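Just the one chain here, laid out as structure tokens, in the form solved without guanosine-5'-diphosphate (GDP).
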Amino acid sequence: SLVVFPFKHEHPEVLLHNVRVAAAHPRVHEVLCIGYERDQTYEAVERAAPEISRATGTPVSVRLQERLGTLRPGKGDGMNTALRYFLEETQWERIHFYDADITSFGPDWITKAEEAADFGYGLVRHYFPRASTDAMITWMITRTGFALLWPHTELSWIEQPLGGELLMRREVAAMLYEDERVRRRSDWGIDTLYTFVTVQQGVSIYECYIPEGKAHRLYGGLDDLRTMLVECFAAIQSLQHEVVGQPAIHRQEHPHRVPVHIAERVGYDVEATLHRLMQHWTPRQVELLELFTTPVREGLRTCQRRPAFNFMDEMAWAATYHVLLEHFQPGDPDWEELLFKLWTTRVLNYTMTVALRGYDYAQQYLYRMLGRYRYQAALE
């Protein structure tokens, strides 16, 4: 069973630790390492690869990601390349996928996934405890969108639809690789496409939990997440007229208690995010806001002079999400920048009205937020 590791610019030590863990496992029959470019990180893994495939017995190869899609060359080209090598150049029946930077990795990840895949699941998906102010794309964009567009389906119930940690058996991989929509998704939008089309095609999905597991992403402003945001939203927008059957088997490993050190985590720099909400304005962005409801139009125009976000409550965000679905133009610098400020005001609003009330209150909220969105869409 193949085990793929997409990397780019990560410290090669951590990666190579995870690759050793993988090759040692008695249920892993090959390891593939798909780099972004021929940098020093990649050069390091290419020299290390002959060594690990000798001590452990299992072969380990390294390849550059190919240009398979039509958007930005990113995560999507890397994962779809792994698919091409899995189907066309080997004959294994199971492929794993793990982020390279994961310092929390262990043998318990790979075993659980293979163990669940024995019950016959086409797709096993890992999911971990996340801080109340992390995962804001997941919650306010991916899950909210799935809730508002496909409330009766399993889509919005998937815990971490942007997650790169998963297993997929051969038929499932082959189906995704042949699918024109996922093939062209060469950027951050790929995880959204794997998730959406597996559910649409009736693939049965287990979700593995991981008690404690994640590499605390970097403390900066919400700016750092800007590219991922506009691409993840575009992905959902591109799927908005698709139809999805209700039936699809879906189960999820019970979540163990969130460890303290994750519940006590802050997901972003509040000051930098407020400052950034006042930057990069343009007369067209002000013109384009006329398309939104009055409180949102008025609210965000205030951000030219001072930070504003109390306006962007749960309802305001839904109303804003519908307008974005209709009018957002991927690749348009003004539309991309407005999405980023709007989403920012939502993150700030939720942070001070919800997160600030404590990690528990944040979890109950977020599950219940999806519930009301589900209900509001089913009605209309």
The other form holds:
Number of protein chains: 4
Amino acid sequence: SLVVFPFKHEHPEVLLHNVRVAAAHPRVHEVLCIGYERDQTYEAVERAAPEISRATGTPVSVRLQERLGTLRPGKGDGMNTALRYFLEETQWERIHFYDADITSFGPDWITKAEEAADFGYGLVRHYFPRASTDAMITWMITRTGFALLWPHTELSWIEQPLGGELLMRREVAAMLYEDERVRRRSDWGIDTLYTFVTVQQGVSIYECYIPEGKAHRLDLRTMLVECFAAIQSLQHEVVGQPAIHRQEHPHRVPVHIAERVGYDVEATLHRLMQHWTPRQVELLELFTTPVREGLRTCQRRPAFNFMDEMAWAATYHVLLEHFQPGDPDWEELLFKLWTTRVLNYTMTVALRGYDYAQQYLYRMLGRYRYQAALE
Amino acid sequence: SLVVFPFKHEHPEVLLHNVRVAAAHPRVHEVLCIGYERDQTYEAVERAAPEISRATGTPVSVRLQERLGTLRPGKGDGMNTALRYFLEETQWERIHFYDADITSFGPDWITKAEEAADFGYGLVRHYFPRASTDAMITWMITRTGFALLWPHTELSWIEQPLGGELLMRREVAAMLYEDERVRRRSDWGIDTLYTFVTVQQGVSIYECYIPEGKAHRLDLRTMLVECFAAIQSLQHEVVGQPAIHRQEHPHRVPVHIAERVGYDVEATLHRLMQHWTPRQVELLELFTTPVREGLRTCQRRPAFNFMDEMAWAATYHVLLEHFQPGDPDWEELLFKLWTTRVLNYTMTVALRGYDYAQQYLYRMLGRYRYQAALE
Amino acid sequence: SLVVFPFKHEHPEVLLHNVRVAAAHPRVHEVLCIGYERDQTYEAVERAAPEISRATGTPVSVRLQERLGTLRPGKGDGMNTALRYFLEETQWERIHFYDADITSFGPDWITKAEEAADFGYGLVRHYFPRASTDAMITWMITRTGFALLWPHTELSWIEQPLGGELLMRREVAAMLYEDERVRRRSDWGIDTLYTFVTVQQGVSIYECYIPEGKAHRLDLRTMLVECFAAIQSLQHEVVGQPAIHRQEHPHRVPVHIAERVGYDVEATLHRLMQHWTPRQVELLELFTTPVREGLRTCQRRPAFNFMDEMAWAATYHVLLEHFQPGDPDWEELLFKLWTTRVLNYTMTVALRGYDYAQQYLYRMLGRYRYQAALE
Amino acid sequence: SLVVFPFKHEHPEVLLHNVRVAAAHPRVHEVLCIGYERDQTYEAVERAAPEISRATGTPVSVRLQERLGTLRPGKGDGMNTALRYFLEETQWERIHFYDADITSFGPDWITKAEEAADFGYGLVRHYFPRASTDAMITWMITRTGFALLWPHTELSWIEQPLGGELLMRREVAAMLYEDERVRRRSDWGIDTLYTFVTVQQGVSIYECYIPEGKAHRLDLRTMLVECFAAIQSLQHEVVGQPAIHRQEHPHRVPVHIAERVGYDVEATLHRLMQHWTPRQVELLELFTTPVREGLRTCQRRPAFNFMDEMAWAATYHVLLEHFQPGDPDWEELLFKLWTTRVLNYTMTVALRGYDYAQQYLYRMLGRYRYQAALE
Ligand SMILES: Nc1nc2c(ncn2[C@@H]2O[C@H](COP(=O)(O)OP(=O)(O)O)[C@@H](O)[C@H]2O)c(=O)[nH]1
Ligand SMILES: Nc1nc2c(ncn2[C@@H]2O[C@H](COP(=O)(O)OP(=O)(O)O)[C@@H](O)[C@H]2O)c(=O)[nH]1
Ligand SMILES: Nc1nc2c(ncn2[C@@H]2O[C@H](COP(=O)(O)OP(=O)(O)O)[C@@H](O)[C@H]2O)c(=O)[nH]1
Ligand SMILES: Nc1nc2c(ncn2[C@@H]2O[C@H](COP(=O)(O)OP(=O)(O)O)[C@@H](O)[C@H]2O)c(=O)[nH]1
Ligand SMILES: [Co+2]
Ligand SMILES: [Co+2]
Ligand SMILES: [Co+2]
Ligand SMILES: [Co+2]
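May I ask for the structure of the form solved in complex with guanosine-5'-diphosphate (GDP) now, the form solved without guanosine-5'-diphosphate (GDP) having been displayed?
The complete assembly is shown below, putting the previous chain first.
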């Protein structure tokens, strides 16, 4: 198997540790790191590589990403470069991707994915326990979108559709790399695209649980806009009824993960009152009253009680239809709109406890799916 | 929709309450109670029925079960009689079954099923939080069997395959009632059969979670042997890869359920030393040494440490191949064998806490599925 | 025993229920309700009383509170009126107080206190599980104060020093009513004074745990200022080393209590920007820089990250030394100061989970006790 | 301070690690290991000592225990030897004891005790989270005894009265070593005696919480009889009302501790049926019927449902009055009697979950204290 670590700016020792873990694994035949630019991380890896592959017997190499897509040159280009290399320059049966920033990485992650692949599956996705104010793009943007636009499909059931830790087999990777839609997604939209098109092609999927969680490095705005844009670009797509989808049963959350805070609330409330623009005030005219009045209040004081579940779904539709990717005002507006949803969820749900928050989030997708199936 | 309550011996007020709840529901067009015999429960319902249907506007009636199967006349005959009535004497689009003994029954159960049915599903199964020493037939017999015999299929993933609370639509019911295999299962085997053949036909299934649990009346032996027999009778069947199967994400277990005890341990230990027979001691010759020696010890003192996970799987295969349904010695032997498994799980797993027990049980099915895929 | 319910404005049926519970208890010899004014609740009780005491055999009566203290005529006057009545016009050995608003009241509360009293104790205080954003006066004002000013004593170890549910025996009541310091505390300061002087007199105290919690009616400002003022007035008091103090071991919090929210965050954030005054801005000159700059920001936008644990202790000392009871500006400033503490605790601690929040609060008192012992 | 590790047979590296931890601690001026005999552990320490003390600057030495008591030469003699050494041959202000077998020992244990000592306390006891089937001597024998014999005192409130991890200051040590009762307790009875007489002298006590628990090496019979014997020997003692006793607030149990099993159930059930004697059967004549009949059943099959809470208290009184220390039949009978109590608790309480078990155990002491205060 080929194991791939895409990296942009990262601590050399963190990446090197993961590289060494992967190389030492009996089922890994090659390690490839794909870099954004030729920075210090890059040179650090390039120096260590001869040594690592000499010690473990499995070859390790670095490359810059190629420009394969047509959006902002980001992780997509990184990942698709690995796909191309994997497909065109190696003979290996399977490819793994893991984020380079991971500090809780162990041989077990590779084993669990390899074993599931042996069982037949075409895509194996790792998924993790998460703090109740983490993963707000995942929940309020990706999974919400999937639920609202493809309620009868497997999409919204996938636990971590943005996750960069997965194993695909050669034919699945070929399938995706062929696909014009995924190829062009050079930015943060790439994981969304991998998730969507594998499901749309009826690839069978297993979700691995990694009980110890994904410790990593601790931009949010860019990721938010590009994820939403990814969903918007797919909105007219047609998806068949489910292929095989199974998920390893989750363990209880680790205490240290259940007990941490996703963000700085004071700073977020502040941020909500900044970067206003007469054009944004105008754009709000497109939204339902509660939302329009709600968000306008944020010029003077933080307001978010208005942005409950049903308000957010209404807002999501309007965004789907009018959001202009690349327009600074629309991006700021999406950022602010989403922020109020996060804040509302934080104060009315997250503050009720980890378990309450989980039961809520799942019920939220269910309510969205049901509503969607009504129209 | 038609709502059906199969009853044998039950407290009249308990059943009448459930009947009244169902009749009052806006989506229920008829209630049917199917009785084993014409006892006091029966006459109680028959007297109340004119009154209830007058007050709610939806018709309510009682009938004796018909003899439709070829095994012991039990619940199967009860449920298939309802199927027949539903298919042949009404025009309704959907049928529910709920156990008559349920005391925690509420309009919600009907709503959740009807809503899932609207979504498209062919079978909707209710499932509940359960005490860690409950559902030992479910886990050690049914789910174990499904995992060991059809590891690549959806069968072992179904949460409560013995569950009597479900909704099917007309074509799914027709399809089951048609089927020689389910029709003949007049005994406790019926839920196993409903579960098996719906999955084998690729019916799409949704599992509803009812967070408050299923409070009901608190024979075990009969149920055990007939459930095992059901599985044994299906052992040569071939099952395709999964159809659509989705399950509502579960809430945390209610405290009162997590904190209760499934059985009397002292009495069970005693029961293990009773009803011995020279023929049973001989039959043990067919089992691996640890098991044979283990079970033999039980003539003098309770012993069960020997009956771990791998020992039970070995035992299971031997049972599948040699267990003679209706033979008193085999039934007693199955009962004792299983009892050791339950005791072993109780002392080495359940005693470790509710969560540990759950993570264990799910991993057990996984280990069994993996092992089965190996041969 | 005499059981006493002090009431101001309450639902007649809620109080009448509690009255009836107490009167029906075999250990209760009289029930007394003490009213603030002769409103509808009062007339409701006065009408029902003859009937209740006829049915249960134990006498029930209502009275207006007398003016016995020298601050705002509030709960103190209510409770001391009961004390006077108890001591001067009855011969009973023990007196209970319970808030009239309680809806989870049961004969058990009385039993548990009566049994503890039998054991020998002089004061029995009931304490309950509480939502993690509840009891912010209790934690940030009363317990904090106790820990900061009397670190070596039992005071800060009392679970719910503001609690209105307790049982005292005749001599304890006599001792309190005698005391000019407690007599004069006619306002919300009274429970603080009851707690302080019983500990100062070395009365032996037992804390009863009521596992179901105290459901009650759902002013904050007046209570806040009067509680703080009570502490301030005691600040030069000397207190001896601990007498007997024991507390029933707590059960796990009920889910419904752990999962509810103390307050409306948006509204609180808004309130923090209101009722400013040039005089308040000036008064801030007396506080450390982080706090002064912090609170000032609140004229434009909510700010509270600055008001951590240590910042709060710093603030507390300044308040102890300069806060003028009755001065509208000081009262407003204390309200805002405390609100920022609550917000800080909410976002950095409470959001981490009920358990984390409890471990934190107890460590906070520890950190405060230690710090105080240093000077 | 002097830190003492008493050892009998232990893994050299485990003890040496703890010695090195203690010596490296800035507050520790000397380490002393006290051995049972001159075995391998002993020689291993004797060799390492020069080296350790050389490296840390704080002297380390080993000695055999002196024979100072009049019972079996065990741990008591070991600890009292340390006491003597401390008092007679050093000038140090404080002494710690820690079990030598501890594998989760850290500088933190010493710090927490030293800081509490700084606060004024005479005795500091460490206490830990424990598995719900651990500490059955502690609960069913020591705490139960203290509750039943001295209900109005602090004794039954001490968390871990058998605990070997504590810090005492010079005068407390002197006071104990002076005392004929404690001196003569050369066996396992010693911790019981340290606990009892410090409380009887009104020494102020603080209980430190060590949240990570006490991992140690995994005889039971001997310990059981000598702990019971200790309590029996004190039964006519008179104890005053409480001196100062405070306990650090506990954190949530670590998962790994909540999830482990204190013993082998099958083996225990077996053991209950062994080492019977006609004289034991006769001795049972002294006990209440349910118990006499119950225990007799154990000759044929395990029985324990009979040995609930009230049955155990009745049994305890009989034992207090008739148990003959040193009589093999009485010792066997106590062992069996206790074993049924443990089994009953295991099956009716422990199996209900860790929290339920704790709430139960504390209520048990409460029920016992109340019952005791009745006569
Ligand atoms: N090659 C490449 N890697 C990237 C790029 N952007 C992010 N990454 C890497 O993708 C992985 C996930 O990114 P990260 O910033 O940790 O986002 P996270 O998903 O929030 O954990 C990390 O290894 C990043 O170094 C990019 O533009 N090119
Ligand atoms: N008609 C009919 N109903 C039965 C028969 N046996 C059991 N039942 C009913 O089927 C439902 C489930 O039975 P129950 O004894 O509660 O088993 P459990 O809850 O699944 O353990 C109850 O309503 C019983 O009254 C039978 O032979 N005929
Ligand atoms: N007699 C009298 N009772 C009062 C007064 N103020 C409050 N109470 C009562 O004291 C009890 C506690 O007050 P409540 O408003 O519920 O405060 P809580 O402690 O936050 O629950 C209730 O029964 C009130 O009706 C007062 O001025 N006089
Ligand atoms: N000096 C001495 N130490 C002993 C004796 N018996 C036990 N110990 C030590 O006392 C400590 C506690 O004993 P241990 O067997 O671990 O019992 P437990 O941890 O309380 O169950 C350990 O360090 C033992 O090595 C004895 O007779 N003499
Ligand atoms: Co990352
Ligand atoms: Co039932
Ligand atoms: Co109230
Ligand atoms: Co030990």
